[PDB]
Every structure is written in structure tokens, then in C-alpha cells.
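The chain below stands alone, shown as C-alpha cells; this is the form solved without the ligand.
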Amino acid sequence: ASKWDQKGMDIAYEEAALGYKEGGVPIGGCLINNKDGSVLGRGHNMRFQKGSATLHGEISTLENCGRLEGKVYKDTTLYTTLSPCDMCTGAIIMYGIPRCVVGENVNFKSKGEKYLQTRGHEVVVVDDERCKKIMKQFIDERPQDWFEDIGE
């Protein structure tokens, strides 16, 4: 188990709330070193902020950590407020991030959640009410923008 999960999810939610305030998709996250709990980086979806088709919450988080030597990712945990799509799932796998803690998978979920476990990654779903509340609201008020974010 990990002692940094509360810290990790609070930060990810903090990013999601910020993104929502800026008028974008309420999905945030952060990357943490499991051994000491240091924050390698944090971020949120930037589709609307930067007119970006690739900056999902998880991707923005990884971009914010900057260029890193492959070994650095090997003992970290990626925290995301929502279960990852196939692209973000791919990012986790490609870099070898061993653990993914998910805020919730009620508002959204792809084959990536199971694929992660099939590829040997540990996935933890906390079922956080805050995350579920803000994401459901966005989906309700701006469904068209939501679908654009998941290619639908």
C-alpha cells in the first residue's frame, strides 16, 4: 500500500478544480516518487486553455515534469482524477509508471483501466466523491466539449 495516496489525490483534485475555474475540462493529476513522496509535477487538461488536442490531464502532468531519464518513472505513482483513456493509459505503459491511483471511474472508463492491469500495472480506484461531483457537472453542462475530449 501507499502512504502518499491522500496527498496525491488532493493535489490531482486541486488541479482539476483549477482547470474548471479556467474554463477547461475538470481533470487533473500529479506524478509522485513513491519512496520519498516528492512531487515530480502536476497538471490538468489544456484542451481549451491552449487549443490542444493532446494535453489531457495525464499528458499535461507528464509534460510538466519535463524531460526525465527513463529510470525516474519506474518507482512513481500517477494520480488522476478520472480513469484514463487509451492514450493516457499508453503514456503510463510506455514510461513504465508502475502504479496508477484513480479518483473515480463512474463518469468515465475505457479499456485502459483493465489493460493497465493486464500489462502488469497496479490500479487503485478510490471512488472520491469530490472528483465524481465536478466531472459529472462538466459533463452535464458541456457534453459536446466533453465528447470532443474523448474523440466522440
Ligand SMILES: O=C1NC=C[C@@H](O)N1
Contents of the next structure:
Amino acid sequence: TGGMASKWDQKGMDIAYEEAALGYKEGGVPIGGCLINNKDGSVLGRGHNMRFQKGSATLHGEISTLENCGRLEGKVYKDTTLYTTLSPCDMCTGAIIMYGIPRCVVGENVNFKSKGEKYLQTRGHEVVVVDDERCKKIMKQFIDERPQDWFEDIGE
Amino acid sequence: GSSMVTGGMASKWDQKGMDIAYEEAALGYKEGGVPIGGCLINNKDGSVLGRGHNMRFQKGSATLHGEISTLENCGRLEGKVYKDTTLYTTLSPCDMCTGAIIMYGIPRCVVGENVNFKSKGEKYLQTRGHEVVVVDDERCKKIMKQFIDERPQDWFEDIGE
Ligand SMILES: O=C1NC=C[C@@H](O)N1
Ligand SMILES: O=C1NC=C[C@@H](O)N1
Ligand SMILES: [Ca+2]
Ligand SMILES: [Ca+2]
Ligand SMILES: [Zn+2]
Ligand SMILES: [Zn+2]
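Complement to the form solved without the ligand: the form solved in complex with the ligand:
Zooming out: every chain and molecule, the one shown earlier first.
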């Protein structure tokens, strides 16, 4: 990219936001994601945080997105972008790193940012922060109303 | 990582923790899965918060590595509950599982072996302030070597290659 946005990035972030809004409406943490094949723009999967929905300690948005893509040949991930409405925690960062997903496009990092955002860069990934106000507003709403649930979701 | 890293001390619960992790790995192996198991133990009293094994083949899962399945099986917990625990894993954690340990602040990780696999995560745990102990458990090494030998492409899939 050279820092150029991808032709698929608007689509990816819109899907991630749709997933965040759906999870909000389900009574969960409003964090959504999607994984797009950069070669053809195909959406390999989409998901949102399922902590409340499933009683899940590991289904963050990014993890649920990856789960929803199913088992894949490792090479597939090497030319994908993971879209996440919120800057990834250390766990989801680790997932991106493990699979070698080269680009992580982040809705916002104002309500939350871990050391993972920079660690992705150290590990050779491209991180794009869009500063999407849709994402920021829904996440801020959740934190305002359910702070202890939010803290649980990031292990505090 | 740092030149000044050092392996952590043993805990009175390590035999218990690695034996549970290994039993989980062997159960997963019998189920047709990747033989990697784990458990999470409270360092103060030895209680087992949860245990699990890799569920990639059992569940068609791209995220349920042994360590992730272990954490899932522990359920939702207050953040504080993790902060004096050990995660036992039969295999040195990949970057994903490392990240889970870091995110929850699980301060100690005991690793069955890192001969068959080792990621940057083992050292990154230490960089980030976590204790790591590698016990070089022969049972763990044997079962993982067998899996990699017999099903190499399935193993590569499990580590994203
Ligand atoms: O679902 C999520 N919770 C917290 C942070 C981010 O990784 N995603
Ligand atoms: O289940 C696992 N697969 C690979 C590595 C380790 O993190 N665990
Ligand atoms: Ca609390
Ligand atoms: Ca110490
Ligand atoms: Zn996360
Ligand atoms: Zn792993």
C-alpha cells in the first residue's frame, strides 16, 4: 500500500461497524470485525464480540471474526486485511500476528489502545487507524453505561 | 527480548498442572485433534479454574488452540481472578495464545516443551513481565512429534503456515 488505503477498506470497516452495531443490539460489547481477501475483495468472515452472548472469555470481535472464517490454508491469511472497529488488545494482536495477516485496519483507538497496536508494527504489519466516529460513539456509549463489563472484556 | 531474561522458579502446583495439561493433550489426540492441552491454576491454592485442549479438528475452529480453549472453559471472570494464576500449556505458546496470556495478565506460564514448536511469544511473555518455565516434558514432546510426523499439513494449518 505505501500507506495508500486499499480499495476494499471502506467495505471492510462498514462491515465491521455493522457487526459492532449488531452486537450492541444483542446486549454485548460493540466491537465488530471482518476479514477480507485482498486479492479479490471477498469477505472471508465477519463477527463481533460474544462475551455476553456466549459467556465467552475469548470471543473478542477479532477472534470471533477469525472463528467465523473457519479453518483456512495458512497462505490465505497472508493476503488479507482484518478490519476491527476497536484497536486490538494484546490477544487479538497476537492472532493477527500468528496468522500473518499483513494489514489491520482499525476503526478507532481513542476508547482503547493496547501495546498491541505498536507491536503489530514492530512485527512488520501495517496498521491503519481510520478514526471512524461511528465506531467511537458506539463504543463510548458502552463504556459509559457498562464500565465494569468493559473492564472485564479487557481483563481489568 | 532481553539478555537478562531468566526462567522462573518452580511452583508446588506444576506437576499437577502439567499432568492435567498432558491429559487434555492426550484426550484431544484420541479425538483426532492436535495434541495440545492446557489448564489454568490459582497459584495460591492449586485450584483448577479450567482445562482444555486444541479444538481445531473437533470443532472446525481457527481460534481454539489449547490455551484459548482452556481460557474459554474457565468462563467469564473478573480481571482480578487471573492475576495470580499459572497457565499450563503442553506446547510453547504461539503469538496468539501469548497474546491471550498477556491480555488477561496471567502472570506465569509453564510450558511442557518448546522443541517441536516455539514462537516469539515465549520471549515476549518475559518482555511483557510474565514468568515462563519450560519443563521439557517427554510425554508432551512425544505426542506432538508424532502428530507433526503423521499429519504435517494439519499441524501447519494450526500455526498458520
Ligand atoms: O472485542 C474486543 N474487545 C477488546 C478489545 C478488542 O481486541 N476487541
Ligand atoms: O493449540 C496450539 N496450537 C499451536 C500452538 C499453541 O499455542 N497451541
Ligand atoms: Ca469489576
Ligand atoms: Ca517474579
Ligand atoms: Zn481483543
Ligand atoms: Zn496458540
